[PDB]
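First, one chain by itself: the form solved without ligand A7N, in structure tokens.
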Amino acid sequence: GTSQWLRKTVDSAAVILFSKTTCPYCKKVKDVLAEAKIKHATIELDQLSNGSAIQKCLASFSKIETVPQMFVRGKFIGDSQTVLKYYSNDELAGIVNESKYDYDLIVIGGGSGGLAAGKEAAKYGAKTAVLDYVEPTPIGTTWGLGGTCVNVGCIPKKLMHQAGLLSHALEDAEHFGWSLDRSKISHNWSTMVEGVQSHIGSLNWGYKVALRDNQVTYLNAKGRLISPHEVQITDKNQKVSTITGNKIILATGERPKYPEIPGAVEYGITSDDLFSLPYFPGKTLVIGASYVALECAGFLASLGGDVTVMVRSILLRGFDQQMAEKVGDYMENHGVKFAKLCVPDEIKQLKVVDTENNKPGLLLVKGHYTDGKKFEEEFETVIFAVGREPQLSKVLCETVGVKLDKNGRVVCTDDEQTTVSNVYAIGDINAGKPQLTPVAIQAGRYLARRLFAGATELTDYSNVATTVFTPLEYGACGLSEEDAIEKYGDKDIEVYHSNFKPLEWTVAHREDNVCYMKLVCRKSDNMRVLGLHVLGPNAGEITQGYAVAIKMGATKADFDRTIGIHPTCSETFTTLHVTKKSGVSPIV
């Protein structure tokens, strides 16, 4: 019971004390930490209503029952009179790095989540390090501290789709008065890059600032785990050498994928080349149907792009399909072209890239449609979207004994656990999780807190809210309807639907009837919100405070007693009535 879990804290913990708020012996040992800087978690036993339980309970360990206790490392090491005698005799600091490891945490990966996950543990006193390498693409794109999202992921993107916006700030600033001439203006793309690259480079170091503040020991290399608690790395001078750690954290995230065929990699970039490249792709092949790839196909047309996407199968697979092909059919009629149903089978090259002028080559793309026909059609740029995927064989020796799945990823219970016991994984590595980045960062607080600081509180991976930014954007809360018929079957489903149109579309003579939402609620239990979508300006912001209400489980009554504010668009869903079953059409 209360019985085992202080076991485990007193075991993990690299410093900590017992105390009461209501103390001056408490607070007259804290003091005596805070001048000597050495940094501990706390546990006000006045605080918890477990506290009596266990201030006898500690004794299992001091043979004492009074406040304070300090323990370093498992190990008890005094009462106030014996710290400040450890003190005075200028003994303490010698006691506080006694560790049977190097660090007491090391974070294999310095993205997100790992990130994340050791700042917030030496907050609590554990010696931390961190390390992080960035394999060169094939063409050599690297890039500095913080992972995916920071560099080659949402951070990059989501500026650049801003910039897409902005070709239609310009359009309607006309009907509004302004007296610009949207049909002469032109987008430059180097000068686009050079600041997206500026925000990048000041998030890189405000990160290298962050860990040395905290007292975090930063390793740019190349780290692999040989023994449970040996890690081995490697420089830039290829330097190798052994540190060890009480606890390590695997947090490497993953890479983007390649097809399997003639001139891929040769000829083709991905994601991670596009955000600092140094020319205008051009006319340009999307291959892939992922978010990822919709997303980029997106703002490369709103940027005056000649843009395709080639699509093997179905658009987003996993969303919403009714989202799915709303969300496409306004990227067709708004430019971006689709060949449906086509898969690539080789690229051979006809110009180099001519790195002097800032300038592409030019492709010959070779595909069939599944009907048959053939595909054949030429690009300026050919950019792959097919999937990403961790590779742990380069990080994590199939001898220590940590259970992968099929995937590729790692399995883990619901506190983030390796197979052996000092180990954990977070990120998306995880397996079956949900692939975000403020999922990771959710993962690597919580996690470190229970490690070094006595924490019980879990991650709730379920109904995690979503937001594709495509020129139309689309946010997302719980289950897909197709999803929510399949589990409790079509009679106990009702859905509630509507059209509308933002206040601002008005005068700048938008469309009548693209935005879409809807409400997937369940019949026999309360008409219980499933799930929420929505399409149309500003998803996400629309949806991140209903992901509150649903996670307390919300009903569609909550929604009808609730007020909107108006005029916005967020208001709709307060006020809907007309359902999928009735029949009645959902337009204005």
Contents of the next structure:
Number of protein chains: 2
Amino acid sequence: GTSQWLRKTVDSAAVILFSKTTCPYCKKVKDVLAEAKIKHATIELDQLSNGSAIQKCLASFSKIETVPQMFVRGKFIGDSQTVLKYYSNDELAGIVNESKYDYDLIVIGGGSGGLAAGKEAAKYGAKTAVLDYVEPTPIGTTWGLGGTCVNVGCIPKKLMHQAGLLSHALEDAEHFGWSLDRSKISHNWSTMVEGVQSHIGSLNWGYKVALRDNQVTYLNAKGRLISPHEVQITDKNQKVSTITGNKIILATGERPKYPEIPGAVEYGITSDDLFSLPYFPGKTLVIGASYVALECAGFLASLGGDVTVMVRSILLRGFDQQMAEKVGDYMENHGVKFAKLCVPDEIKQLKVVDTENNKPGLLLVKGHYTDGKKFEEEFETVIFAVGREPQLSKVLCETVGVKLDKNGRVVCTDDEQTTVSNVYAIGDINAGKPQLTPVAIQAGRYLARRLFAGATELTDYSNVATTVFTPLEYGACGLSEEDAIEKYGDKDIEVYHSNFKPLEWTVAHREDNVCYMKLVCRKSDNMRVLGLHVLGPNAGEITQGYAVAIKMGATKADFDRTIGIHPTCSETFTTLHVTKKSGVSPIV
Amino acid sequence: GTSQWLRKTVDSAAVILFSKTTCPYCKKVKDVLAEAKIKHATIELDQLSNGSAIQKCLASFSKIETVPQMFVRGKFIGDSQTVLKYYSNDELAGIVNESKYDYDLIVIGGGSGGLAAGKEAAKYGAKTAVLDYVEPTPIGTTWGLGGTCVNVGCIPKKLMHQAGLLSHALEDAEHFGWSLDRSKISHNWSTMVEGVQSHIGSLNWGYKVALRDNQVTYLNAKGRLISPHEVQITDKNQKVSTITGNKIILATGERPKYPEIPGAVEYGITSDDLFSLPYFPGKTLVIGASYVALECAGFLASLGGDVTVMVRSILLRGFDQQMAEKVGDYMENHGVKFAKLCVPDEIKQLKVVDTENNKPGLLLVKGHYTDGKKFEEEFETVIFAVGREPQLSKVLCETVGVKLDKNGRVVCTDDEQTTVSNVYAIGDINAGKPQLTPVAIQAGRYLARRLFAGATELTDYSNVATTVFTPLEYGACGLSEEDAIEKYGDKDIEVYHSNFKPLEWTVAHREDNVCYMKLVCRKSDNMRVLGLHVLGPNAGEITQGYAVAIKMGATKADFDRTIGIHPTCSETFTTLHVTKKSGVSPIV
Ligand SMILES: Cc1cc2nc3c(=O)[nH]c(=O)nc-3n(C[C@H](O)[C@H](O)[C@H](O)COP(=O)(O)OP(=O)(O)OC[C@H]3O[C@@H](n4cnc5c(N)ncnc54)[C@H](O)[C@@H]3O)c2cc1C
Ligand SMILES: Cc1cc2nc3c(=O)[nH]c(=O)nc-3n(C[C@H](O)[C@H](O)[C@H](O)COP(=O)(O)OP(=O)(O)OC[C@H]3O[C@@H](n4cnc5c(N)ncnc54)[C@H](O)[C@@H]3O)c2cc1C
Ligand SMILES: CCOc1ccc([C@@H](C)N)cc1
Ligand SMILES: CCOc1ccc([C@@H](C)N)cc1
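Having seen the form solved without ligand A7N, the form solved in complex with ligand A7N:
The next block holds the full complex; its first chain is the one shown before.
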């Protein structure tokens, strides 16, 4: 029990000191340690419930039962007298850097998860290497350190969303007394892209500074695991070599998919290219219906584009379908065209991209609807958003023994461990987990504490709030209504809901009954909240706080007894009362 | 136990039916009452823990143990056969309408709590009248049905706050690529006031419609309690008369104070006058330091006014003072000027309000600083925001026996009951309760259900969240840092904090280390979150959700194990780790 934890902690910790907060010999050892600039983990036995038990168990490794006790890579080094003797004899530096391998930890992939893992592990004295390479898109688009979110994902996408939100703020301003004429104002795409890219550039740079200041080695090279402890690297000059590491963390992300049709790779683009495009897309076709598809089609329309979305089946497969359909109807009412139940067959090039004068080409898209009828229409830009996939064939040799599922994602236990005991996986490539940046970040930091600092806390993957950043945002936490009914039966589900209008929309003469929120509850479990859903402005800021309450098991009564903040949209959750079974209208 | 509840429910309800959902004789009676348009409360014994016990206790009043039993105003009326007999004989309507008093409920005050209480009561059959009258301001300002929040509080101030926010949105849009020029744009006060007042007018009218469609008598007359059940009314022709009611609810609110100095009443204004002012205030002096003073000064400066605030002692007395200071420091950097430790001595008139050309007058304000030095400066408008108070001598005769406190506020027990047993007080005049609009509404609806529907739920006044809508907003829930330390001692308090930067501020080139948040926690109670504080955009939306977790007693561990939504401001609460005790900087 206590003993098995100690054995695991001592085995993989790189440098760790067992200590008591009261002991002056402990403080004497702490003082020598970072004077010599030795980073390490520390466990204060007088602050745990079973410290006396651990103190006893330490003797199984050291033959002594006192504090301080210092360990390096699973080997007892000394008590106070012994460490000080190593210091003043100039022997301490070589003791702490002795290792079977070059690195205590190799991180393959320099994105949200891997950057978080590397930095956290280095703080406890693990010798750490982070590898990141960015394979170019079909047209050659490339970018710097930081991963999918920082460069071609959450960060540029939300800033482009904001430029689109500012469109309606210029309209709203007139009604609130400002003298501008919105009709005489236009948007400059390339000026936006320069500002977005200047921020992304400063994130590239920050992360490089951050690794240097934590003493992490950063190799801008492609990594390939060839055995449990061996990683093969290829640099920018195609020079190949091998480095060894004790623990390996796989965190190499995904990349966009292309449909297997003529013209797609040659003439279409993905989100990987959208966020640094040197020209405005112009008349655009977005193929797909994921959140990526709708977010991108969303702000393109708010900026002035002529935009069409071609939907194979439904919007936001996997989310609550009433909420998804409300999202879609709002977009269709503010300019976005939809070609429903439709798939593409081929893209033909009518004009090559005008790289000189900064203009799009021109394409012919040919498809069919599910009932046979034909689709044929010209566009300037075709954006494919039909899913993402990893390619561990380029990262991982099959003979290494790491097991993958059907989709090609790594099969792990709930501690991120793969089928090779010293190899772990985090982030989008960990099968079954939500594919989100805060999850990758949290999973990576908690793994590093378990490996190198004796921690035990696991990452909790359930009930993770999300927000889709469409022109009217949609935030949610927990089960969709149809999933709640599938799991418990309609008789045991009760849904409270209401429309609402933000106070800001009143003077601006915006829509009365478009925003909507609902609570999906379980009758036989004290009306437990199973899912929260809200469509409206600032939905991510609204939802986040309630995720803490849901993680705690909140009921409808918890929502009833809490008082609202006035005036806000979020307060509507505190006085909800109309049920779906009652058939009363939710309009206001 | 059960017995004293049933006695209380039966004595107080106006029309109540004890039923079971499974009984066809009950459905038969429900139908007859519906058809005759008789409103009533219902208690379904087959859905109560001790419904079998209650069934037996009903016999104390009716001599029967069966279902249904209908009561009117404490008196048993009959079972199924007896009710249908009264119906078939055209006797029912005079039986339900007979009463010792004119009304079951008289509400004095047609505002937040007042209207909420009256509408809820009428739903369960109680015959209800609501009285409202708006005593003019010194310069003659008057408004319609709805109370302070609707007409001269939360609703008009937050709309004017929103017009201020739009000035920075116009600035930001250039950076996101919009071709406007903020430098060549101005603001029209009268245009904004017209939009605000029109939305208010639609609320005035909606409230009256709501009372009519709930069968509530609305009397636009001044009411006065002269004895426990007698209310004297004086209409708009100064006709005087008397009405009587069983239950009485006082809900008359407060109005602004003036300081006892020459010229203040004659030449200054207050928030009562500012939201319908026909002319822009121009160069404005705001006297006081409340959230009223700071919100109004904040939006006046954002709409281009030259604004000064005079502060007797501190900003936002009673709020966390670290946060108060961050609030004012932001306002001071963005335009607002402050005369600190200063009080006014007299207001002298130099120009009269030019009522033709729609222009302010001109004042000379004289006063002194706390050390002795002298303040003298001219202003076009002077706004007093130095507190609010009730004046129950206008409303309630001292001979009735309703105990007041030293501040003129009504002393009640934890169920809103005064010292006269049939009279209650809700909202801003209830002594010691937080003076907010959603509190008053909850107090009113919950009280009406205890009086007329047999409910037991009390209002929970603890840990109610707030938001101050200064140009950078401040939201809070629970104790200030100073209050928490004083109550448990510095050794037992841990504080986690951090700065942040909204992602919307990056491309707009706004400040880096101005937004801020902290969690104030008790070490010896499992790191329980005692108070939450955030300064930043959309602070109300951010804060609302966390109040449900705090009502449930969240700990730091609950925040840690919950995942964030990215990219949002609110997610910074899910990864806090820097402590104040440690000395590590909170900048990013
Ligand atoms: C358009 C878009 C918008 C999104 N918006 C959001 C949002 O608002 N919120 C949210 O939570 N999530 C969002 N996501 C999801 C988010 O991007 C991912 O969940 C997140 O990036 C997960 O990061 P990761 O650590 O799993 O891998 P990544 O961030 O993809 O990093 C992996 C890195 O490893 C590199 N790599 C691959 N192979 C090798 C190799 N052999 N050697 C070296 N390096 C290699 C890759 O090039 C990449 O840089 C969005 C995604 C997309 C595509
Ligand atoms: C400038 C300002 C801004 C505010 N902003 C907010 C905010 O953002 N959020 C928030 O939660 N709270 C806010 N408040 C506070 C909130 O408006 C009050 O707490 C709330 O309106 C009080 O409710 P009430 O029902 O107790 O009284 P009121 O709303 O004042 O209603 C009482 C009514 O009774 C009438 N009356 C008085 N005497 C008589 C009589 N004898 N006969 C008949 N009628 C009578 C009054 O004229 C008035 O119409 C603000 C207050 C002010 C002044
Ligand atoms: C705990 C060692 O890691 C493992 C990883 C995956 C699996 C199974 C689920 N494929 C088993 C063990
Ligand atoms: C139930 C109403 O009883 C009351 C008893 C006491 C007080 C204060 C004055 N002590 C108020 C109401």
